[PDB]
Every structure is written in C-alpha cells, then in structure tokens.
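Please put together the full structure from these sequences, using the hints given.
Each chain, written out:
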Amino acid sequence: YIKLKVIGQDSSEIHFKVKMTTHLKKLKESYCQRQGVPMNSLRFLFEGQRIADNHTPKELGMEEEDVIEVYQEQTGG
Amino acid sequence: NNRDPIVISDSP
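Line order of the protein sequences matches chains D and E. This note's numbering numbers the first residue of the first sequence as 1 and each following residue consecutively. This note's numbering numbers the first residue of the second sequence as 1 and each following residue consecutively.
Keep in mind that the hints were calculated from the coordinates and are not lab data. Be aware that a few hints might be false.
Calculated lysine to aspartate or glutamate pairs in the EDC-like style (CA-CA distance at most 16 Å, straight line) [as the list claims (entries may be wrong)]:
| hint | chain 1 | residue 1 | chain 2 | residue 2 |
| --- | --- | --- | --- | --- |
| 1 | D | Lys58 | E | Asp4 |
| 2 | D | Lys5 | E | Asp4 |
| 3 | D | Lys17 | D | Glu47 |
| 4 | D | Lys26 | E | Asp10 |
| 5 | D | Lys3 | E | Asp10 |
| 6 | D | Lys3 | E | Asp4 |
| 7 | D | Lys5 | D | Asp66 |
| 8 | D | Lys5 | D | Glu63 |
| 9 | D | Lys19 | E | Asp10 |
| 10 | D | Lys17 | E | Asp4 |
| 11 | D | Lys58 | E | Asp10 |
| 12 | D | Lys25 | E | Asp10 |
| 13 | D | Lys5 | D | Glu69 |
| 14 | D | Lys26 | D | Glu13 |
Ranges between beta-carbon positions, derived for each pair [claimed, not checked]:
| hint | chain 1 | residue 1 | chain 2 | residue 2 | range |
| --- | --- | --- | --- | --- | --- |
| 15 | D | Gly61 | E | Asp10 | 14 to 24 Å |
| 16 | E | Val7 | D | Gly36 | 16 to 26 Å |
| 17 | D | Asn54 | E | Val7 | 33 to 43 Å |
| 18 | E | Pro12 | D | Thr75 | 27 to 37 Å |
| 19 | D | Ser11 | E | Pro12 | 29 to 39 Å |
| 20 | E | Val7 | D | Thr56 | 17 to 27 Å |
| 21 | E | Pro12 | D | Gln74 | 33 to 43 Å |
| 22 | D | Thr56 | E | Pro5 | 17 to 27 Å |
For each residue, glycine too, the CB sits at the ideal point set by N, CA and C.
Below, the structure is given as structure tokens:
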C-alpha cells in the first residue's frame with residue numbers, strides 16, 4: 001500500500017492509502033466523498049499536471065510519502 | 001500536524 005500525502009488548502013495532511021493496481025479514478029471520486037463535494041470539482045495537481053481519471057500510480061512516478069495538491073476547479077463540479 | 005487516513009479498495 002502506498003501512503004500519499006494530500007495537502008489540503010487549510011494545511012491538512014491527508015494520508016490516502018492507495019494500491020499499485022487500482023486506477024486513480026476510484027481515488028479521485030472517493031476523495032470528493034471525503035470532503036462532501038461532487039466529482040470533478042477538485043483538481044489534483046501532480047508536478048504541475050492534472051490527474052486524469054484514466055491515470056494510474058504506475059505512470060508519472062508516484063511513490064511513498066509523495067506530495068499531491070488538491071484545488072477547487074472554476075467549474076465548481 | 002493533522003493526519004487523516006483513508007483506505008481504498010482495489011478491483012481484482
């Protein structure tokens with residue numbers, strides 16, 4: 001299991017326990033539920049790039065104690 | 001200094 005560090009806007013450090021097998025689609029939607037907002041409202045930025053639904057931890061280069069940022073999109077959802 | 005743990009389920 002990989003423990004990613006999600007940096008919240010209020011300095012909240014979220015520890016998302018992911019697995020190097022699942023898709024980031026499941027992760028993106030689950031995080032939205034954790035906050036209580038609809039999917040596509042929050043953009044996940046990794047190294048300046050936005051995490052897509054078909055994205056996988058196998059690509060880009062995700063590891064343990066990795067830093068991922070989450071921001072609210074102008075679309076609102 | 002705030003840590004929240006979330007667990008994800010993986011589809012076989």
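* To do: Please flag the earlier hints that this structure goes against, numbers listed from lowest up.
  => 1, 3, 14 and 17
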